[PDB]
Structure formats: C-alpha cells, structure tokens
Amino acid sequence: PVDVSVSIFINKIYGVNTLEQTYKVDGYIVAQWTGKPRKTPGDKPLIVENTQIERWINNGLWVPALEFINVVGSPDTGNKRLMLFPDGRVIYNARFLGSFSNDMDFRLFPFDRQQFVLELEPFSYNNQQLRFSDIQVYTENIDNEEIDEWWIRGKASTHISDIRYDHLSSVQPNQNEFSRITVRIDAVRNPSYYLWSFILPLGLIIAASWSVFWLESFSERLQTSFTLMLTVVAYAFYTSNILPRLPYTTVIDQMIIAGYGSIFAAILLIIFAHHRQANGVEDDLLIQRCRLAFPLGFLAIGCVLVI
C-alpha cells in the first residue's frame, strides 16, 4: 500500500447555507507519496503545472484521485502542480473552493455551535493509505472576530480511519476498506447582532404589550389589543424575512409565538373581566389589575422555554 501524507491549508470558511446544511471552504490541498526514483533535468526536482500534468499521466505517471467525500458538486479547482523529486518523491498541490456538507443543528439559534468538516478518501484505490494529516488553519483565534460571523474554537482536529464499503466490488475479493481523512473545525456563532437587533426589541414589544392592562376603559383595552396583534405579525414578518431559513423553530421563533399567545390570553382575560360580574359594566376589580400577574406569569412560562 502506498503511503500518502496530506496537508490541508484552510484559507476561508464562509457562506453557510442553513437550509442545505452546507458551507463554502477555500484552501489548498497537498498530497505526498514516494515512487520509483527518476531522472530530472539537472538533478533538481521538476515542476509540472496545470495542463502539463495530464501529459505526464498519459506517459505513465501515477497521480491518484483524491475525493472530497462530503463536497456537494465538483469543487472549483484552480492551479495544480506536481513537484517531482529525482529520488522519487512526488508532491501534488492544488487550490480548491468547494461546498461542503455536514449535519447541522440550528435549533439553538443565535447561540448555535457548528463544526465545519472535510472528508477525504481516495476515489478508486482501497490499496493505498493515508499516512498522516496536517491542517494549517492559520487564520487566528482571538483577533478579528467581531468583524467575522463565526468564531473558531481552533485549531482543527484530525482523524485518519478506515471505512468499509460492503456493496462495492474491489480489486481483490477480500479488500474493501478505504483510507479516510476527516478534519473538524469547531465554531460558535457571533450572537451580538441578533441579541441587540432582534431579541431585545422583541422583548420590549412583548413587555409593552402588557401595558394594555393599565388602560382605563374596556373598549380601550380590547381595541388596543388588535394593534399589538398587528405589531407581532409585522415583527414575525421582519424576523422571518431576515433570519436564516430553517425547517424547524428557533428560540426567536418561540418568543414570537409567545408574544402571539400573551396577546391572545390578554384578549381572553380583558373580555372575561368585563362579563364576569353582576350588572353590565362592572369590570372585575382585582383581575383587570393583573398588571403583574401576566409579566411574571410569563417570565415563569418563559423560564420553561429553557427546561
């Protein structure tokens, strides 16, 4: 089995797509292995760029195809080069930009943590092995972060392993395992923007909704309720059109639903107070003054959104 060592340089992780559970990675891949020594002009190692590589392959040079297992679509590869040493070293180097897939749980939004992973297997050869993996994510830890969407826990962790393909015929009858490199990079979301521009105002609006009980008239209370209703709707719209699309509810989504519920409960009480009596317009004294029952009865059912 040929020993292949790869180093992966990661230049940029960007463009997360919540719906597709993908993210873009720009970087270089280097792969090295040793073969039969070779005669090279002078006795300096030889450099072969781009279109020239295929020529060498036609005349017999072995350059194994390494696949990104979890890439979605053919990656965009830029320049590639072979460095051919006379003593038989062969070093493959290429620039790449790809869309990579992973399981991504966005349920604890603004405060979610994800891992960006790369998975590398040789495409055709079970009979050749990854000797070691080195990722150089030489961005940086504590620096520009409040300029960036994602904060890296860093540096990346690696794992060479063996994957069994049971339904894939192979060269020999016994050997059906592939060598796989797996790189993982952990990251937390920069929750600032969403706290200050979404969660805060949502709170303010929800709170202010409670000030309905400090209105004197029943007519005033009920009528104003419908305007608070409209406000939550506008806010849900705003919230939904600007936040990332998902197939499930986030914490912000729940707050919105709570807002709706509070305002509906209010409309129930407000109407109840006015007709739970013994005359016509005897608003239930104590009740119409649950100007403290709601706010904290909601901060109770609001501390069970975190259980």
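Definition used throughout: the rigid core is the maximal C-alpha set that superposes within 1.5 Å between two forms. Numbering follows the first chain given and starts at 1. Residues that one form lacks are left out of the comparison. What changes on going to the form deposited in another entry:
The residue among 93, 224, 99, 133 whose Cα moves by 2 angstroms or more between these two forms, once the core is superposed, is 133. With the core superposed, residue 173 shows a C-alpha displacement of at least 2 Å between these two forms. Core-superposed comparison between these two forms: the CA of residue 281 exceeds or equals a 2 Å shift.
Relative to the superposed core, residue 142 shifts its CA atom by 2 Å or more between these two forms. Taken over residues common to both forms, the rigid core alignment between these two forms yields 127-143, 169-174, 279-289 as runs of three or more consecutive residues whose Cα atoms shift by 2 Å or more.
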The other form holds:
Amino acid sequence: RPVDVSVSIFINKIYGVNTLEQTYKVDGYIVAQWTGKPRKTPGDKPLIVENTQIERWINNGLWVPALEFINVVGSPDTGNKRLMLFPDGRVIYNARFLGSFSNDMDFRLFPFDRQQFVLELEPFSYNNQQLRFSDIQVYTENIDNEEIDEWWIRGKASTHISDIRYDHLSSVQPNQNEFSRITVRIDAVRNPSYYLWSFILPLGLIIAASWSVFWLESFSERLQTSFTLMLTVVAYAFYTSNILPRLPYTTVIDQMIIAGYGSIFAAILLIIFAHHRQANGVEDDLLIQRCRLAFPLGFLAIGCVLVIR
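Switch from the form deposited in one PDB entry, shown above, to the form deposited in another entry and output its structure.
What follows is just the one chain, with no partners and no other molecules.
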C-alpha cells in the first residue's frame, strides 16, 4: 500500500555556524522520486514543469507530498522547484534549498572540538503506511583546498532511514503513529590553525613572561610589576572574548585565562610573603629564587592535569 519514495540530497556548502544558537547553514539540492498512476504527456517524452507551474498541477489534483526538514530553524529558502512527470507513472521533485539547521553542539573543547552537521527529513502529513523512504543517497563535493576552509570535512556522509513513534497524537490509534525519517550525518573537525598561533601561543608567552617577576630583585619592583602583569591579562581576556565565539560555558582558552589570573594573584601573595616570612624582617630569598622554578613548574604541573574532557 505505501508509496516508496527515493531521496537524494546534494550538499553544496556548509557554513555560518552559530555557536550560541547551535545552528549551521546548508545549501544544497533535494531530489525525491516516487511512482503513481501513469499519465498522458505531450509526446512520449517526459514533461517538465517548473516553479509556479507546479502549483497548477497540484490544483488539478497532482499528488506532491510535503517533505519537512525536522531540524531546520525557520522556513528554508527555496530556490528553483521542478517536477518531472514520466508517462509510466513516476514523478521526480527537484528543488534547491538554503536553510539553517539545528543540532546539539558541544563547543567545550574549543578550538579542538569535533562537530557533526545533521539533516533530518520526514514527511509532514503522511505516516509510513502511506509514504515510506525506500533509500537515501547523499553526495558531497571533494574539497581539495580544504586548508582554506573554516571546517574540514572528515569522511563521507552517513545515512539512516528509520521510523519515529509519536505517542502524543490527536489522530487515531492502530499503527498510525509512525513516520519514515531520513537522517543525514556529516562529521567535521574545526580548523585549529588560527587559534593555536594567534591565541594559544601568545597567551602562553604572556603567562610565562609573568613568571619572570621573581627575577626582579626588589620587593617594590616585584609587587608593582605584577599589577602591570594583572592589567595585561585583563587586556588579554578582552582580546580573546571579543574575537572568539560566545558560549554559555568556559572553553580551554577561557580556562587558561582564568589560570593566568590565578598565577599572578598567587605570585602577588608569595612576593608579599617572602617579605615577611622570616624573623629579622629579612627577605627569605630562599623562597623567591626557588620561585624562579617553583612557578614555572608548579603551575605547569598542577596545570598539566587539565585532562577535563
């Protein structure tokens, strides 16, 4: 009884990832084929009907079922539409689309995160007793200059036809609560280049150079210098937060920034301590100088357990 419909999805561009909304944009084509009652066509050649003329065939009673992108956000932008009506009954729908799609996206390991861009397709009104997906093919371009793209695609796309039970239905009962759903999956990793060299590396240089406060020889010099070091980190928090993507949680880099604040406050506490540690009011220069390698090691050790994943 149910109509077998064959879907092919062509993907042109995956771009414009929004971290805060957890969406991404996909431009592509959708093709759908099914077979119905045969037809008289002009010539024994297939009939092509475009755009606004498709609507006319729907009014004369042509069955063209609505297929919904389950995870699109807002009505997709539809370009050219096409129906190909064959005399032997079969019907092919072809359309270009650009839409914004939603998926769960975890950005905590930024900039070393992996994301998967998902498309989910399901007929809007017809259950699997009426319309079912027979098979699904997905085509992706071979990116050859992937080194200049924001995202690197990792392996060809995954497909999976399945059936979805809607419990809470305002319809009827017997086996009429399941729908045929295509799910396309594409794995991807973030191009970590820019952030290593322009963010991680100079943040490192800055935090290390902070440790050299202990190679200053006065107390006055060490305390006062660290206030400049403090200012530098605040400025660095500002540089990063303004350019990196906004998120509701802390990233790896955000954690480094917080660490930098800590190492400088810690140093302020030791610098101020060695000035009073011992009797005589003598500067326990045993404590400093040990600090010239206590911090570059201490921070780097208890900071070497950032296995938070």
